[PDB]
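With one protein chain removed, the remaining protein chains of the complex are shown where they sit.
Order of writing sets the labels: A, B and C. Residues in every chain begin at 1.
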Amino acid sequence: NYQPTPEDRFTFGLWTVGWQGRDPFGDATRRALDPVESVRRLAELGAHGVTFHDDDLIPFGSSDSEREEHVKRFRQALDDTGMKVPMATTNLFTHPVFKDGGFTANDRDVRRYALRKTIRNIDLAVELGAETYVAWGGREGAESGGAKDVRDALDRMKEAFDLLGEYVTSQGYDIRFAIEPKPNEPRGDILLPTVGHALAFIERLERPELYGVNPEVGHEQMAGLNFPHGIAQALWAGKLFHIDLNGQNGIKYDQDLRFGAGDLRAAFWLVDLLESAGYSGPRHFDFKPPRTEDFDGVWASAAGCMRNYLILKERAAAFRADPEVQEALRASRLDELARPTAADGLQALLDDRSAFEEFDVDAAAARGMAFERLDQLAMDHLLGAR
Amino acid sequence: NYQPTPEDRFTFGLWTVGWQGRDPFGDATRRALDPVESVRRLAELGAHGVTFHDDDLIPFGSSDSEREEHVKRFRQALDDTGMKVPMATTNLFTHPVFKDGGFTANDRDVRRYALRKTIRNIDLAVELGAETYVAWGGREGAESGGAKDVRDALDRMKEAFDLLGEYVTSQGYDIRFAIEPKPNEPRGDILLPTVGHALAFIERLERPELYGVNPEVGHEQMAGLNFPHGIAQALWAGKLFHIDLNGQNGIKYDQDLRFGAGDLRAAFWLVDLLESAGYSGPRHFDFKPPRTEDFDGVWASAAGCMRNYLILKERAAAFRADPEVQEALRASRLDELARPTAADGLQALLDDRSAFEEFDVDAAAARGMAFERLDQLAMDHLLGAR
Amino acid sequence: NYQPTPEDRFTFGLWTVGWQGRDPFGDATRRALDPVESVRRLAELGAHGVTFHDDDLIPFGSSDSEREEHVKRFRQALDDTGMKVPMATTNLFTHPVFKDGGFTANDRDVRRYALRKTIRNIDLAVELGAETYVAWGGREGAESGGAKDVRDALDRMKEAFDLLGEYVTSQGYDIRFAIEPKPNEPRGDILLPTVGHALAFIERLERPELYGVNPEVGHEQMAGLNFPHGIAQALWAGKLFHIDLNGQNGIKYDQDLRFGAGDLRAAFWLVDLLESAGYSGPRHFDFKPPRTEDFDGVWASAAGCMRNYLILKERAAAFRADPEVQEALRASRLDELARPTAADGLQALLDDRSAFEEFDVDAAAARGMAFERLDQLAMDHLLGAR
Partner (left out) sequence: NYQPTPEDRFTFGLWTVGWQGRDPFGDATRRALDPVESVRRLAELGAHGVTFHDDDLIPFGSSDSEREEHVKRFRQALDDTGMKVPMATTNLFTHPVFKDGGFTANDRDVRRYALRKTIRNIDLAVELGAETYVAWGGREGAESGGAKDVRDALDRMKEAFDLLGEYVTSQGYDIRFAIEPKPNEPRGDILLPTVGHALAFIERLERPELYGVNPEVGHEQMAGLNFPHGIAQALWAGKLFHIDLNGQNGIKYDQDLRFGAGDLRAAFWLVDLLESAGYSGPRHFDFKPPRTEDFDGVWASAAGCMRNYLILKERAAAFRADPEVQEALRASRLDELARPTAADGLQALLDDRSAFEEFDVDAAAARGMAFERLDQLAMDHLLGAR
């Protein structure tokens, strides 16, 4: 009954089930979790692996000896459980030194520090077997217009990512970078605010093949955008390296609800797309168990992430396999959308009188698209009414 | 007193001052304008030129003889006034045949018709001297998830733009394309919904140098995004070919208010950016005089577009020239943002102990950014309190 | 299998299935429906009744003889089908005379005309058996700040509704008024923009008992508000006289999707609330079949409205009847929420040392609310996974 196994590739950040519940108006409601306990409890729930920021695993300001001790404890728990570490990232947002950003801070010495802190954790990530290194520039942005020249900031952002790309290639590391966009919060506006802006920025880097995107459900929905559409564009570009799954109720602060909460139909179409396209990376949950919950509610919330993915996977597969749905897809001409508009070429199109001079515009206009019947079949499948 | 002249390059679409006021809940409140009158009245207001959709100038379904007559009347008014036509575009959204899109309609014969209708108007645009050809795919999208496979739709969109690029290069035309993004309306979600998505898509075309963006103030604000930030990214990529200026009050239907209305401070920072960067293209207003207005209010609204641009231009220039502002920009380290993070290179950065091992993180963290003082100087300049 | 019958009280506006598909960017895609055909087709689908604006039934500017003919044809179709007319309303938004509003137009003669047009249709509504008369002030508002003094406009709005209340009581009519809020569109901002503002306004009328609200799913969601919460407040006040059911995908133009589309989980909690509270009025669909559809898609879309209500009704009933859910509701202390905080009174509360001086604040703080487990049980029931 919708039981996850490690083969489903479900992963969780240490900072997710470990969120203590401190929000901008309230103190923590839960004690801190030891990373080792989190690994053990997630393994028992059926997770495949965990992810981390450097500062989740090694407390900021630790000596090199305490650092080695923290990593050894962690690696032992991974060995004991069989859990993997597919992705790692850098905390460039919590410490007050990053209050105006890391890679695009106005202060040059902070930008250099940001790069050195990142490079140190890339080495550790590689040692733990991570294949993707995520960058979320949560402090790269501004509250006011004159504080940040955005062209200069983009030069600095490109400079930082180019240097990281030079570092991994000169070390011979087999790791790729994924940029995680977010439109706002904690800065008034954040640079590279959507999947689109991130994809466009990647094409201006020196080695674009090393960089993709790590889109998050809730972040694109904070701009009112269609998350499955944005994922489709990322797949079309060959840039979907990783994904952050959660839920969000509309345009407001980043809620990070468990996956399946928030916009349920968008979650259905997302799963349909990921499974149809054969996305093979981790199904990573970046979520926060609400601060109303005790530790029992934390693990119930984490289990619900995986359960909802598996239910939606079943419903989307039943939808696509239903002969009546396949007939409706042809009724709505989805098959024609997949055929080239003009494989005969430009000159033949120009000479084709059935394309313009003799095109019956009123007869084509009268054809219904039959989209509402198709969408109700999708609703029936989602709700288990078929 | 803030009087425009043709040298300011202010342009208007025929469909703007010509909007009859029909909205989804109401009949037209104004009679149709003859395009010739619009050209004459705009010339008297100080405009530089006009833009058009094919169907604004030539009524849909006109014979080739009526078509020639409509163009000749138009060209005579241009000659009489000295007005230019810097941009043209295609109507691929009003006729019911385009109800599921033009370039990405599920029906293949509609997609071919869409291309032939576009190519016919590219010829006319070139004949009238237009340098930019805009494409707004307002019907390319969906209300429901199963109606549109977005990867196939993007293949079709790329196919269409590649064919248009092949057409202009084989004809030897000196015209470039600009894609105008919009997140939604009239479709539930529109493909390429923001500047970012459009910029990323352009990099996958066969001849990317032929294509840029035509961002619109209100459209990016319908996604809650920072319009000056998005323009900065378009300039950074070298893709700001044209711009649509207007006003918008937040996340709601596309209001198309006169420029300066809506988000006034965003308008200030936009003008500051366009003038600082030396944008040399048309300052094009895509706006709708509210349907409360008679024809006197139409021309008052059009005049206000240009007036507000010129006032904001003066205030932004005074801001940047103020020695106290220049001092505050250095206080906030905008000069340091423009300097390379690591021109000494990767190895020197790795060997630089002042970048990490000996970096005083508490002293850097205590430095204030002085952004609020800078922003209040900007406010004082905008309001004329300095 | 989820078949509606007239006993389910499903009703539709004539303007819904009759929407021809004209939007702000496109011509109609469907021919006009005769109101008589709409009544017949809806009766065959299982609807209970229809609603109308005056101008849906009697074309604007009809003579008194044509008017009588239109009503007689309509009444014959009602007699032939058994369909009821539970609600009627006035079109105070389509004609250009209403461009600045009806009840709050700046021009006094327009406000008087608006009242006379309304009163004429109240007489007809009563003759057809309507129990609720809806007012949607879609043109009452402004695009700019100086155009409308809102205190004066509210005086005029109160004056209009007071006069309507005097009219129905002096005629001895058994009809009540329902105000339908909407935050924006077609005006930049609309007066009484949410359920809350409407409820507050009603308390200042001379006869508040005659007035309630007609909330619409999509309208509250255009302000990012929680529609079931707003309905709960309307029920708590005893003011839910009527309801408009449809779907909406977030903060954007008013989509009027079929009910169940848009925010599916909000639709579930709405149905749960309406059925639990014993709301006995019409389940009215104010929706627009998308303009992609032909007439077959129109009736498929209307049928889907009713189907989705009935599926959600079944799932909500199963949720509330599940013993495991009843146990979880007690685990989350929903039973304690329903018990008075201080039925012992103020003085006993002040003397209760267990309420403050001896209250163990750390022990109460450690109690988990168990909300995530409860919400996953609700998800399982919605998806038919239990």
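Some observations on this one:
Note that in this section a residue touches a chain if its C-beta (ideal position, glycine included) is under 8 Å from a C-beta of that chain, and two chains touch if they have at least 3 such contacts.
Touching the chain that is not shown, out of B:13, B:193 or B:224: B:224 (per the contact rule at the top). Shown as candidates are C:14, C:92, C:311 or C:378; the residue that touches the absent chain is C:378.
Among C:95, C:219 or C:291, the one in contact with the hidden chain is C:95.
Remark: the omitted chain is touched by one listed residue; of C:45, C:128 or C:225 this is C:225. The chain not displayed touches subunit A at residues 21-29, 93-96, 98-100, 138-139, 143-144, 147, 183-186, 188-189, 222, 249, 251-255, 257, 261, 290-292. Summarising the interface, subunit B meets the missing chain with residues 1-2, 29, 221, 224, 250-252, 258, 260-261, 263-265, 289-290, 292-297, 300-301, 303-304, 307-308, 311, 315, 365-373, 375-376, 379, 382-385. Residues 95-97, 99-100, 103-104, 106-113, 115-117, 119-120, 142-156, 159-160, 163, 166-167, 170, 183-184, 189, 191-201, 203-204, 222-226, 228-230, 232-233, 235-237, 251, 265-266, 268-269, 272, 277, 329, 332-334, 336-342, 346, 349-350, 352, 354-356, 359, 361-362, 364-367, 369, 371-372, 374-375, 378 are the ones on subunit C that touch the missing chain.
What we mean here is this: only the chains that are shown with their structure count from here on.
Averaged C-alpha coordinates put the centre of subunit A at 30 Å from the centre of subunit B.
Annotation for subunit A: residues touching 2 or more other chains are 224, 251, 265, 365-367, 369, 371-372, 375.
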